[PDB]
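Take these sequences, add in the hints, and give me the full structure.
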Amino acid sequence: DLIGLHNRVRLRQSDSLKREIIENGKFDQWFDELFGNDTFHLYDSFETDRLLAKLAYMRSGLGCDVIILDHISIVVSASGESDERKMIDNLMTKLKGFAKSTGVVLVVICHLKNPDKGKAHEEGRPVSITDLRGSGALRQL
Amino acid sequence: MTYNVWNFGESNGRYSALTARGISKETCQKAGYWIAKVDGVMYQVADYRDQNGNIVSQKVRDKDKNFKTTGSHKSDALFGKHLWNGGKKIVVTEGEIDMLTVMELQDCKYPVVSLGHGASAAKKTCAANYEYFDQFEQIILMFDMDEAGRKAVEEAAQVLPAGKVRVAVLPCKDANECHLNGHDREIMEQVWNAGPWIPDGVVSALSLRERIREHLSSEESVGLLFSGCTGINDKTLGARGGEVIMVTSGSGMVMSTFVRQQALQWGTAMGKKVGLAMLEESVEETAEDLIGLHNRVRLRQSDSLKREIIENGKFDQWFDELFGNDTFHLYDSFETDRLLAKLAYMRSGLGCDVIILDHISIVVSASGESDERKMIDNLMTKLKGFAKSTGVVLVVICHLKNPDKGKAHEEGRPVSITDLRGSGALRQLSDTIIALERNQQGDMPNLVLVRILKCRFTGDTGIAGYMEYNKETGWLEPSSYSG
Amino acid sequence: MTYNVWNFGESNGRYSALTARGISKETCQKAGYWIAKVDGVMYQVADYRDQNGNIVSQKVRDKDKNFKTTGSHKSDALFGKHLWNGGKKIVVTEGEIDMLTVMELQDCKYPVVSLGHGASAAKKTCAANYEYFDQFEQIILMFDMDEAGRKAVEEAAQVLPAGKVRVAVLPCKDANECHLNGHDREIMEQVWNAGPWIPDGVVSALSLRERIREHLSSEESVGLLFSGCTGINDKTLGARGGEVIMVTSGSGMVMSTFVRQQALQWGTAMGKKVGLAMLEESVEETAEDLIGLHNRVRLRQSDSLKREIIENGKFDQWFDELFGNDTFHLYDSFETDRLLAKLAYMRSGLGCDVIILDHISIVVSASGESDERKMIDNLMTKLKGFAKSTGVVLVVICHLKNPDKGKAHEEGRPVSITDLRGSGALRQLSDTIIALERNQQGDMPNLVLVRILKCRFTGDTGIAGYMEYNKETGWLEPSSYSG
Amino acid sequence: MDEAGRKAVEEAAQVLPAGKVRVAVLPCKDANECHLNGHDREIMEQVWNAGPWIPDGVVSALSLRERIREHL
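Residue numbers (UniProt numbering), protein chains in the order written: chain A, 352 to 397, 401 to 495; chain B, 64 to 397, 401 to 549; chain C, 64 to 397, 401 to 549; chain D, 208 to 279.
Hints may contain errors.
Taking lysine-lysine and the DSSO-like style, the derived pairs with C-alpha atoms no more than 27 Å apart in a straight line are [what the hints assert, rightly or not]:
#1 B:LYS440 - A:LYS448
#2 C:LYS186 - B:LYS408
#3 B:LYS467 - C:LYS473
#4 B:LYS172 - B:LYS236
#5 C:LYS227 - B:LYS454
#6 B:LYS454 - B:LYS520
#7 B:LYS214 - C:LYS471
#8 B:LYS227 - A:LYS450
#9 B:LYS473 - C:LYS128
#10 B:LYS454 - A:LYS467
#11 B:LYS186 - A:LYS408
#12 A:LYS473 - B:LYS214
#13 C:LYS440 - B:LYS467
#14 A:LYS467 - B:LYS467
#15 B:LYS126 - A:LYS408
#16 C:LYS471 - A:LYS471
Rather than coming from a laboratory, the hints here were simulated on the basis of the structure.
As C-alpha cells, then:
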C-alpha cells in the first residue's frame, strides 16, 4: 500500500500491474526508491503491555520519531476483563506516557461508534468530541 | 506479625566462603550472603536490603533444598540492589548464587543484582524497578538457559526500559554452572558486549523485500470471485487470501447454501483446495450436499434418487467427478484451541487455500467460563490471526441474534453491523461482511438480497445484488433486480 | 567429565559385515557402524555425528544385550543424520540396525537416519529436528509394528513438519525382521510412496467414498411424516431416526395433543412401534386418551360415554382395534439415569422406533444438586446420545419459561430459540425444533400456529402452517391459512 | 432357578447393555441338573429364543387393558 501510494498507482488493487512491475524490474526499483533509506519500519503481528513494549523499542532502539498505531479499537491479549470502555482508557494513558516520556510523535487512529441518531456516517454527519468513542481517556490524553 | 529479620550473631553467623560454588569468602561478605546456624542446623542467609541500606528481608536456606523467608519480601526485591546506585552496565541474574558468581569473576567491582522471586516473577519484580534499572546505561539479563528461563527474559525485557536490555547467552543452565569448572571466560564475554536482542515482531521495511515480492505474485487483487452474484465481486473485489470473509444472515439456510455454493465453485471451477469445517452436520452429510449441489439435484432430500444412483453407478461416477481431484477436505467432529489446530493443519499440511467454518456460534469444549459474548471474541481473534498469519482465505458463517423489534428475519428485515452478533470482535476482525436477507413470507419468498456490510480492501459497501432460491435444484441462482 | 568418545584403532576397530542381520560390510562402513574390541570383549559401535560431520557421541553394544553411551548424546541425536542435507524423501527408523537395513535395499538409494533415543523419545528427538527434517520433501516414519511403536509414530508426526509425514507399514516387527529372510520387497513398496497420515480428524473427501456409499443406502430422507400439517413435513422432511425432535410451546396442551396425535398415526397408519414416556399422567390415563383420540371422541372427558362403551362392548372392541398390534408401549412411573435406562430397553428390547418423552421439564431422582438450568443440559445430552447412538426417533416435549415481557403465551406471543428454556443443551442437541403458538384469547382461540424453530437436516425453517383445535373430537385438525 | 438365582439375573441385567438381555428359564436348579438325565431339549429351547427382559416400569399398552377398564 505504501509503494503503490508513493507511485500514485493502486498497486494491490490490480492483478495486471502487480505482474507487470514484478517482471519489468520496476518493483525492485520502486522498492529501493521508497524504502532503501531505512526510514520505514513496521510492527508485524499475530497484549496491551506486549504491544506497548514493541512500540517502545521502535522509538528507543530503531529510533523512529513517528509511530503510527492504526486502530486503537483493537486492544488484544489478557482475556478475563470487562468493558473495552474502561480498558481503552488504560491503554490510552500508557500511550500518552510513552509519547511525552520519550518525545516520539504518536499518531493514533481510532474508529467511531455509530449514532442511533438519524443520519449515519456515510451521510456525512459531522462528529464532535461527545461523538467520541472511549469513555474519556482519548477525549482527554 | 511477620517473620522477624534474622539478627547476625543472634543466629551464629559467619561470612564463610561457599566452597561448593566457587564463591570466595570475601565475595559472600560484600553482597550479604552469610552463614548462620539456629537451633542446631546451619542455614544460608541472603540479605535483601533496599537502596537505603536497611535490611528489609531475608531468604534463608537449609542443606536439603528448603527455604524460610524473613522480613517483608516486597514485590520489588532485588538481591544486591543496595550496592549500586547508577553505572554503565548492570547484570541481572536469576538467583542469589549466580549473582555471587558474576560478583567474582569481576572482583565485585561492577554491578550485579538478582531477581527477588526470580524464576516466575520476572515481569513483576522487574517493572517494579524501572526507575532503579534506568539508573544504568545497559541492563544485561543473564537468566537461566532453559524453557522457562528464556521466557523469563522475554517477560522481563517487555517491562524493562527502552533499548537498554541485552540477553546473556551462556554455555550451561546458569552463570554458576559455568563457573563450577567450565567457562568463566564465557560468562565474561557476555558481561562485556553480549547480545542486545529484543525485536521479536518489529521488522524494518528493508528486510521485507523478499517477503513482499513473493506476496505480490502469490495473492491476487481479484482473489477468488464470489459466485452467483457479480456484485458481491464488483463491490468486494473477491476473497483475497489472509482475509476473513464473514457470511451472516437471518434464518438463512440460504446462508449455508450460499457458502456451500462458493465452496463448490472454488474447489472445482477454480483450482483451489477447499477445506470445510461444517460443525453443524456430519462429514458424510456435507459431502452429499456437495455432490447433490454439484449435480443440481436435491440429493439427500430424495429417497428415490439416492437409491437410483447407488444402483445405476451414477453415484460412484458423480463422486469421482466432483471429488477425485483431492480438492475438498473436511474437518469431521464429535475445544476452541483444539478446533483452531485442526483447521491449521488443513492450511498447513494439506494446504487448502480456503477454509470455510460453518457457524461460529458453536464455540465448544473447555466449560467453566462465562459470556459467549466475550468468548466469541477470543476465538474471533485466533481466527483472524490464523488467517493473516497464513494467508488462507477464511470464510466464517455466523448467525443472527433476534430483534425484539417488530419485523423478524423471515419478514426480510435488513441487517446492519449494529444488528451484529458478538460484542465487537467480528464486527471488527472480519475483513468483508456479506449479509443475505430473505423475506420468506412475501412477494418473492424465494428472492434473497445481498448487503455488503463491510469490506476493508475496498470499502465499497451496500446492496450488491439479488439471487433467487431454486427449491428445485437447490441453488442460489443469480437474479435480475433493482428499484 | 562425560564418557570419552571411543577412538577407532585405540579400540581394535574394523568395519565388518553384520552377518547376523544381512547388513553388508560396505553398508556398516557408510553409516559408521563399526566393530571395536576393548579390554577383551567385542563391542558394536554406532557413531552419531552432527550435520557438520564431527562424532558427537557413540552408542556401544555388547552381544548379551547391554549398552554403553559415549560422548554427549544430545536430545536431537539422529544416527545417520550427517549423511544427508536435503533430498526428496528420508526414511526415519526406530533403531540403528533398521537404518542399516533400509540403507541396503534398492541397492541403497534414499536417506535414512534412526531415532537417537528412538523408542519413547520419539516426540522430543523429532521436534528437536524440525528444520533438519524439513530439508526433505516427505518424511517416511518406518517405526516398530507394535503397541508402543504405533504410538511413537503418532507422537512423532504430531511434532513433525506439515503434510510431509507418511507412515510405513511392514509385515513384521521392524524393517530388519523383514529383511532377515522375508520380504525385502515389502520394505521397498513403502520407502517408495508408503501412505500418509496423522491428522486425527481432518479427512480428505476422496477418502470418504465408501463411508458415503454405505450412508446413502443406510439412511433415509423422508423419515416418518408429521401428521396434521403438511408444512411441518415440507420444511423438516419428517422425523428421521437418530434425530431428536423437540416439541415446545406455551401453555399448550395443544402441545400434548400434537405429540399424542403423532404417536397415534405413527403407531397405526405407519407400522412403527411407538414408545411413550408420558411422565405427567398415568399409564392408564394416556391409554384412554389415545383410544378416545383414535375414535375422535373425548373419551376421559365424558362420564356417559365411558359407561356406554364399557357396557356395549365397544371398549374391548376399540381397544383391540387400536392396541392389538403390540405397537404402543408406555413407561409407567412413580432418576435421570434410571429413566434413560428404561427408555433404552424400549428401543433395544421391545424395539420401538419412536420414543416420545413428554415433558423434559421433569428431571427426577438424585437430590442434592443445583440449577435445573445445568441439569436440563446433562440429561439433554444422554438423550441425544441414546438417539444418535441407537437411531431411535426421540420426540421430546418441553415447556416454556414465562416472558416478563408484555404479552403472555395465551396472547399468542411467538417464540424464538432465545425464547428457549434450558441453558443451551436443547437449543443445541435437538435436531428439529417444532413450536406451536396459540392466542387463546383472540380471533381464532382455537387457531394454532407452527414455527419450525430449527431443522439440521434441512435448515428450512419458519412458519410452517396452521391447525385448529376441535374441542369436539379432540384433534388438532389441519387448517386453511396465511397472510 | 432359585431365590438368590433369580436375584442374580435381576442385578445382572441392571448393569448389562440395553435391550439385549434375555432370561433363561429351566425346569431344574441349573442347566446341568437338566442335562444330568432330564431335559437337554429344555436347555436348547432357551439358548435359541429365551425370555427377554427386566423392565421395572416399562409397560406395553396391551398389558394395560384391565387397569384401564377399571380406571374408566
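For this session: List, from low to high, the hint numbers that the structure doesn't satisfy.
Result: Hints 7, 9, 12, 15 not satisfied by this model.
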